[PDB]
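Protein chains: 2
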Amino acid sequence: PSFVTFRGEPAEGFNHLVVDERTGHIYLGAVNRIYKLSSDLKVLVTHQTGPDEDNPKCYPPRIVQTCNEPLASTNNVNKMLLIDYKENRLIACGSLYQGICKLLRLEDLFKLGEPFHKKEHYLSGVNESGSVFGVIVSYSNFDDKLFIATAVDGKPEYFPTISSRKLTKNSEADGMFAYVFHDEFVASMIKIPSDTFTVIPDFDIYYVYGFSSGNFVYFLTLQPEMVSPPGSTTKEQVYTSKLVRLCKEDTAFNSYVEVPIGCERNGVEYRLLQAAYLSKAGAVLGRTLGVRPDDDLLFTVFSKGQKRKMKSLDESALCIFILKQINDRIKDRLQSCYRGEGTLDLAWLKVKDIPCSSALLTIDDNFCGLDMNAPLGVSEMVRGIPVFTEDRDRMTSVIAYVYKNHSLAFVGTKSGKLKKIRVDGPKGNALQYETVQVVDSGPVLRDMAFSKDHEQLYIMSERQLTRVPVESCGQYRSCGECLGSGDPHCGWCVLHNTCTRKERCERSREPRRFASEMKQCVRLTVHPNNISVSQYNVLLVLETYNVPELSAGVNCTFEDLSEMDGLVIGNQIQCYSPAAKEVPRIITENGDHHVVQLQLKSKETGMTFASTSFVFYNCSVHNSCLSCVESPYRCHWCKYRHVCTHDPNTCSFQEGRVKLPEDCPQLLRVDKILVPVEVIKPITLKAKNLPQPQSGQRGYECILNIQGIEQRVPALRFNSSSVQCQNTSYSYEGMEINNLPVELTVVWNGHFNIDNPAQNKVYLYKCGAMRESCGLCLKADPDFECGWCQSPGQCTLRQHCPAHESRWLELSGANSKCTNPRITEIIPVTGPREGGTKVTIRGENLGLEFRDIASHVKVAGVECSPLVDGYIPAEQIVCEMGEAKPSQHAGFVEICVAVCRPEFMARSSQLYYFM
Amino acid sequence: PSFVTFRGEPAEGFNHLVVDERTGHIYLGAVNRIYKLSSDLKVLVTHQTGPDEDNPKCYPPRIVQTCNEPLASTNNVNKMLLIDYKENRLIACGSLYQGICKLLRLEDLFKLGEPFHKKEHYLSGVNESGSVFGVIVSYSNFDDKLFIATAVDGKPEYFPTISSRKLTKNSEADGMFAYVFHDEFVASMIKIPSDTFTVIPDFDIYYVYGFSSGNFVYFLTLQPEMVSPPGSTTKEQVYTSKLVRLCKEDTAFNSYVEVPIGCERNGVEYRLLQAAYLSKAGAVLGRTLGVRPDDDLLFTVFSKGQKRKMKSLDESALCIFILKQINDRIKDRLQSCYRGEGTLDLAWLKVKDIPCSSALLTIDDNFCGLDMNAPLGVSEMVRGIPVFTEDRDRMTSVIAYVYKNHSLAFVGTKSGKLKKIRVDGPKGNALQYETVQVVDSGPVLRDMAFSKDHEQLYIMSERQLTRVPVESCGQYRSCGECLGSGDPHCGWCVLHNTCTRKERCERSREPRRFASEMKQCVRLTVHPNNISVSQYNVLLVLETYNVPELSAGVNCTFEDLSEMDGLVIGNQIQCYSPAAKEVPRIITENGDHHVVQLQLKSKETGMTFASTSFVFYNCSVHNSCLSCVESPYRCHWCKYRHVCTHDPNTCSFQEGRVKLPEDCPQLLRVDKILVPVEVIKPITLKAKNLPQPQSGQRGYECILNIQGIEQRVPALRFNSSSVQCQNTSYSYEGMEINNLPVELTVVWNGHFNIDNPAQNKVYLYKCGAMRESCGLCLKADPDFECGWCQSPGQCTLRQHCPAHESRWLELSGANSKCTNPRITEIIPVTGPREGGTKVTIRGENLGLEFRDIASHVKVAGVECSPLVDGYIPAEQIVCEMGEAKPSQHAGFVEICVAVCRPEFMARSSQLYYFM
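Each protein sequence line maps, in turn, to chains A and B. To convert a position in the first sequence, counted from 1, into the UniProt record's numbering, add 36. To convert a position in the second sequence, counted from 1, into the UniProt record's numbering, add 36.
If you're looking for bench data, these hints aren't it; they were derived computationally from the structure. Just to be clear, a hint being listed does not mean it is correct.
Same chains, same names: a pair is fine if it fits in one copy or spans any two.
[Stated by the list, open to error] In silico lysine-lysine, DSSO-like type, Cα no more than 27 Å apart, as pairs:
no.: 1; residue 1: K147; residue 2: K695
no.: 2; residue 1: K717; residue 2: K154
no.: 3; residue 1: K724; residue 2: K205
no.: 4; residue 1: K93; residue 2: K538
no.: 5; residue 1: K155; residue 2: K717
no.: 6; residue 1: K271; residue 2: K227
no.: 7; residue 1: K155; residue 2: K722
no.: 8; residue 1: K181; residue 2: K367
no.: 9; residue 1: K78; residue 2: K456
no.: 10; residue 1: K802; residue 2: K708
no.: 11; residue 1: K722; residue 2: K205
no.: 12; residue 1: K637; residue 2: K367
Chain A with its partners taken away, still in its complex shape:
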């Protein structure tokens, strides 16, 4: 699903947002533009407030008087936006006019009026958006007004930072934005003193948030370094975030109060307000908080430290203030001043500290302020209760609301994401979900308002407004998953088999109709978890917990494949398995088994809610004993029937059943089976649980799978654990390879192949195609049993050579003198006369021991000394030649095995050359 949004109609910019309580129309302040949108975020109307030729430096703007300074077309930023329901209009205060305010008609955005003429009509030079805030308070006629705070930019004479102003009925009327009570001595406004400007050049008050409570007006503000941090002269500026308050009723402005505010987390300081939101707790939070229903609360967001208001730190914390607690702090402070203790301590306002005067008074919450001990500051900074802290991504904005008594908090992030937090200090827990309806790359603004119906939450970005629903639980398929996510909005509507909010679930109020906690689910179990393919229409019992009354009716659906009716008794559901006709359609090609998700389809909703792992196995498919028993499931093998089945009874008879893998029938391995070609030899075998062939059944045979020829030799089964193929000889054609492993299969009764787990094979091995010389044969492995036969002048097994004499010669254990050494080739063909060369000689029939070859090697006359490590017996000799200074130049290489006997010597085909 996608979230409904409004792209910066002026793609160019965006600043403030507000919702009309009755209509749901959304008004959006922006630079050069003010838009009226539908609840859906469709564009209703666009107003052009923008680009005006102007100059910030000029006082009474160009229209009133001529300005020496040059003008340029500049952008008019919507500083503030406030809905005046009574007046049926919108106060949309801009800038770039010296801050002239505009009045737009509610429905059409028709400009009712925009008073420019008088000085009061000008609010502030300040170009920055959001640095201003305020509240509109109204009563019936002859009772009314507007409270607004703004930054000065060092304009102290021109504009007041905080003021109480008049809002006349007629937009045309001159009176607008006039101070409620103006006296030569005191006016309902607060200006910044010139002295304070000189001391600290830049001092300015930026107003972030503001709200009316009970009968007062509060502002969250940011100020400069004044005694904080201490500093003799100007240098760096750090800010202190404070709370301000006024009686609505005080024309005098005596009620002004100002406490610093912040909160700390494990020794980390969070001093700077990003945003705030006044709200209600609802029954849950209020109770543990210890509040009355009416009592208010203030969620806030603060960044770490005192540094860089322009660009704050990522570290940010969401804190909380109970209004009762702040009211107490203020009352506590006042009751103290009335004690006469200490000074007023408000640095920016009063440079010279005036003392507090003691007096008899009943100090109440109602206290509006008096002439003496006039505007005052505060010493003890008020600490707030921390809630959630984000280190990686800074929180920008916040909102909250009461839902079914649980308090949900919304928090914008620098990333363009919203967090949905259930505050559970008073309850018990944390953050439920996070969403990126907004804008994936870059942030969200403080103006974040819930709709009137409270279905959605409009989230504003620099670029776009996004209608983020306070829920999209539908994404969750199962009770287990729904309750699993934890985003507090979601619950499992049992009968509907869907995941949504309480309001959405019909009849959720009724018992067990709606599930909040996983325990309430859905958990399902089937008693016959595994059913064989062969079986049909088996009775199954279903155990389900945390489900609503099913009396509407339920069907069992194994999958999309089938569906069977069920009857309910007790706390169980009884359904039947599918027919054999139906079951195999599924099973085919899945083989061993197929796990299927058996679901329950409710009659009323018609959607599958609950599932379980259901296995269709089916033992019968197994072709062999090993697969049947040895496999992963409970299956029994019938030796006689030679079939695998679940039921013991189905087997031929009692003695026939195979429960254990050892009992199958399988062939055990013995030392490797060596088989010479052309020799008559028996092959004894060992095995286990070999069956005695029953009536109508034949005996055992050994089948050798040789590609050239497959041999069928009958065998005898001596007992349950031994077999033997009868005397026979085997061969393969080709003479290609010495050792050929061959798969062998033991069969009985013609087709029945006994299992061969090890997959034992028979090695058919075949005498010197390779070796013409006696030395080479005796050199070869003793395993081959191949040996040299003197009369033939050839080499073969004893079997192969006739014995006129008692002996054919085999190296008994190397104690066998032989013959005819030959040199195939040697490396380094050439060498230096000086010697030292390593000659590598490769031959066929050399000596078996190193000791004999040593002293044997000679290159011509030159003595050559062989290397032990380098020497590979009868194959190769590595030898190092000595000093060659002799006259020969080139000479043949000679090796004398033990002794230079005439039969015993070998000379190289090509000569070694000295250079």
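For chain A, the structure is supplied; the task is to place chain B on it using the hints.
Coordinates of chain B only, in the frame set by chain A:
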């Protein structure tokens, strides 16, 4: 009733049968099959032993080693079958494997094992069934074995004819069929010597029957010509049937003994064993035999002569051997050898005769044999006691058992019949019954076993097994018939009125409850055997012998018709006859009398057991005196009442009674009653015992039954023996026939007809319709009294013709000259001129004597001589004509009676023609 049977399940073949002592299950060896059947002969299980590819010539069969000779699918014949109870299995030794044996599980026929590998595992090449036999003997572990004899077929090196072999617990075990004690010098086996084979080529030992007795093992065998019959060189083979024995305990095989056996009947020799059966005598046979209870007996069957073992002779005899007698013969023989006298004399075994060595020894029955005077033969052939001989149909098999101490013997026949013989040498008698349960066309096999319960006897044929009950007495309706049949099983269960065995009769043990001999019956008599129909509820006394106590109550049932209660007194039963209302329902239409089978219906059983001939007569039905007295029964006739009755008193009065047939009243015959029509004549009659008519009774009349007219003439009874109808004339209309016999009935008092046994009739005779001439009338019988009357020119009785003159002419005795001869026709119309022809002249009124006709005949002029024999007076003349040479050619025939007077001559109507 039909006998339960099992048809050759393989319709194809059958060989051996055995019964399990506990279960009663019947196992049946066959070619290619071994079956397990229920007691009822239902098929329990079938095993396929059959058709295997093999060849008899090959030694170790194909499985062990390759055979050059070609194989063919051949049938595997079950040579032997033996139940091994201890092992809970069945040893079913086949052939066609070189005789490998198989082990089948008792209950299911599961093949436990079949050892093929070793030489011992092969029994014999021999394909023939039944030529092998043996016994399984078992003891607890560490004591045990199998003794088996088989034919060799000239295989002497390969197999032993008789052996003592091992039967291990495990069928898988290799050890099976190994010799009990094998030594290089001597093994527990006996082989046939090669020398003996060369001398007689074919010599072979065939083992028919075998059994264990006491602590030995005996075999009945057939062998070849060795010194019998004498012969220098090979030629014909005849066999000698002998007995063999061994100690169970002799591993050495020293105990071997061999006596020839047979028996002779009136100079006829029976040398060849067909079958044998060891059994017990029971008290009856044993006593007269002179035996102890434990002592055994051996029934056997032998064919006549020494010839053709393959196909023996029909003549066969059932003989007997008492084991004590054979044991004596053996002991007698041994005690003799120990004397040192003579040689061992065993031709086939020892070619060169070794002498017997004398030694001191206590010669007992226990004697197992010693090293010296080692295996030995026997000189004196042991003769057996003959029992039954069948000339026409050869006995094949035998079995016997003890029943109530009487010894019943069973004998199969070539025909497929079983004989049930009580052996009564020790008792006194012969063969009781014969049955064809089996197979009507063709024979029964030696394996014939009684069931465990001994209710039935399974009789095996080549084709089928038949469950023949050792009794079907129910077929017999009466005590007389039951005991009459003689088949020893049957007895008369008196109270039940049924025929069955002793076991079947409830309370037969008690006195006179069961009848064995005819005397014990049932014999019944009724004192009033004959009762008249007229009588009612007559008292009858019943005499019955050989009947049980009737105090239960008895009813008398004449037939299905009625049943009357009876009371018992003394040794008699008193019942009443049926009422007149009841009796005639039966009698109607049976007439003279109805014999009825009066039965006795017992109260307890409710079945009629005893019967007698009971007559319902009834005299009253007889309508006449003759039927009443003259008939077959005692009935009296009342002349006056004219009714027949049993009681003398019922007659009118004393003088009226007719006891004798002569006295009845009947008409006696006199010379035939001749009655002329139209003549007034009296007819006197004679008769006997004619009644004098009593008051209210009229006199006698004669009634003639003439269809034309029936005449009623009154008559007078002169006395008891004479009657006479009054002067009257009779006639019948038609003139069709001369002599008409007529039935006459003599009646008195209107309706009463007197009896006419002779059935005397009156002959009404009537004058020449036929004869126009005087000669013809006088020619006719003198009886007719018909005569010629001159004046009328016609012929009638004197009565019929008026006498003007004193005479009408009648041939007084042929002395009466007459007239007018006529010739109707003559045969041979034509004749030869030469003459010699026999002329046959037929006329009406010729001469009475031959003498006058001779010389009378002439054909024209030609003289013709008449033949005397040929001549029938006045009807026909046969005459031979003389030489015709005269001129006439054709001429008329003339006859002159005496003289050729003008009145007296006749001439032929047509002339005789000469050609």
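Check: Broken hints, numbered, in rising order?
Finding: 4 and 12
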